[PDB]
Structures are given as structure tokens and as C-alpha cells.
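Up next is subunit A:
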Amino acid sequence: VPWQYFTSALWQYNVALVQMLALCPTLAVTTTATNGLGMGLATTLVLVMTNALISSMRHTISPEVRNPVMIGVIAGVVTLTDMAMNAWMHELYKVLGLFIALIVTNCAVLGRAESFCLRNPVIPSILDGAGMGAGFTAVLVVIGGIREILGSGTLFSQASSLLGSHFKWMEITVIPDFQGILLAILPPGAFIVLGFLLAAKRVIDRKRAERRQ
Partner candidate 1 sequence: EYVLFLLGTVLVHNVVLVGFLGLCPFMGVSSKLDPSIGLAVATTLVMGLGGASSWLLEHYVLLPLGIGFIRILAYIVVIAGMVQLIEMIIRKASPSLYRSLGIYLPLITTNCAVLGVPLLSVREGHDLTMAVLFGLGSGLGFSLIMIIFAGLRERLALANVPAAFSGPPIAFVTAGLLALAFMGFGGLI
Partner candidate 2 sequence: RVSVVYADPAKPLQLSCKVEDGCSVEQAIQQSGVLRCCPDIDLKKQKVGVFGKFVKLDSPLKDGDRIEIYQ
Partner candidate 3 sequence: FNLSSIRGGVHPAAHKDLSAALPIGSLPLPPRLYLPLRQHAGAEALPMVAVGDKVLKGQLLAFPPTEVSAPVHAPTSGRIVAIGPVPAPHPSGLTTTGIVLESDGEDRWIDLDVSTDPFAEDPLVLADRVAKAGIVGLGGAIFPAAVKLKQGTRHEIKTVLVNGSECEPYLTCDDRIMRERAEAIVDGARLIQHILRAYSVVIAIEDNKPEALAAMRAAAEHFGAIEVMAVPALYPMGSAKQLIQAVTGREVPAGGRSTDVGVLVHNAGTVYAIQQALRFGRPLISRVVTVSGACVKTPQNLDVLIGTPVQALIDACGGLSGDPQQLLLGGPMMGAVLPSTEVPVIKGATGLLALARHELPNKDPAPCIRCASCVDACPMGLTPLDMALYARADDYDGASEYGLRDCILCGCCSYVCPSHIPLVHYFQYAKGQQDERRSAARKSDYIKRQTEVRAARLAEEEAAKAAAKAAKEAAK
């Protein structure tokens, strides 16, 4: 079933939680849940489009120059994405800054483009890209939410100004009247949260295996 890849990529093979890939945007743009959600959505789009293009162009890539070809097929797309979200989502583009342009070197993008998109049809590749993007977005949202709660208490702040007023329903407040711990926003707070998330993933995997047994 084609839907198997989309479900399996979420937790069994997570880009930033199992394969140890896409760590730069995972740690950098994650001081707020909104930043994580925006970066995840952009990466998911880019992944879907690049997977579709590579799979449609699968039987033409010379084996020895496969990288600079496919990299180009990525790079231009990424460029367009930049020139899109700098023009009609400028508020979010100012926040992400460099890491929206740094999707070409995203290890998850090239890894999925090379490993899966060169030996699968267009539909399975599109579904795999969608699944990887969804897992990446979920991880980014979780990390950003934890860091934002520890730093300011609020969850999903200024979503209306970044993602449009339609998402104004997402601005929720946890721990009202909280100055927050400043270290969570700072770089030292990202590695610790990621390590704790990995430890929690290992613990819940062991417990789920025990329950299944």
C-alpha cells in the first residue's frame, strides 16, 4: 500500500530523531513553535516538489554526476521558495533568515532524494517526501513548544502576524504571569532539549516493546 510509507516515515524512521539528520534547522530555528511550524511547512513543500521532480527525471541522471545534477534540481526549487516567501510571507522570512536558504544542504532532503527517489515511482516518492516532511514538522513543533514554554510560558506566540490572522486561534498561554527561564532560548537550551527528547523516545520505545511482548 502506498500509504505505508507515509505512516512509517513519521516515527519508525524520523529524519531528525532516528536518522540523525537535519539537525541545523532543528536546533537553530526553534526558539518558538511558530518558527518551527513555518520551517517544517517550507521543508515539507520543498521535499514534495523535489521528490516529484527527481522521480520524474529518474531515468536520465548520469551515475557519476548524480549529485551536481540533483543538487541543481533542488537548488533552483529552494531559490524559488525563498523568492516566494520573501515576497508574500516577509514576516516569516525575516525570522528564519538564512536557514530558509539553507535547505539545499539539508541532509534529509538530499538523503531522501538519493536513497528513495532514484528507485521508486513518482507516487511513492511523493508520499515518502510528505511523510518525512510531516515527521520533521512534528519534531520541530514539539521542540519549539517545549523551549517556548520554558522561556516565556506562552505557546505559539505571534502566529497571527507570521502565519496569518486565520491561525490566531493557536495563540494559547501556559503558566500565566511567568518571566521564564532565559537559558531555553539560548543555544545551550537546544542541545539539552534535543537530548532529553531522544532519551524519552528511547524509553517509550522500550516500554512499547515490553507492552507488545
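Here is the rule we use: a contact is a pair of C-beta atoms (placed from the backbone, for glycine too) under 8 Å apart; a residue touches a chain by one contact, two chains touch by 3 or more; residues count from 1.
How were these picked? Simply put, all candidates are chains of the complex that A comes from, given by their letters.
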item	value
Candidate from 1, 2 or 3 that touches subunit A, complex-wide	1
List of subunit A residues in touch with candidate 1 within their complex	20-24, 27-28, 67-68, 71-72, 75-76, 78-79, 82-83, 98, 101-102, 104-107, 110, 186-192, 194-196, 198-199, 202-203
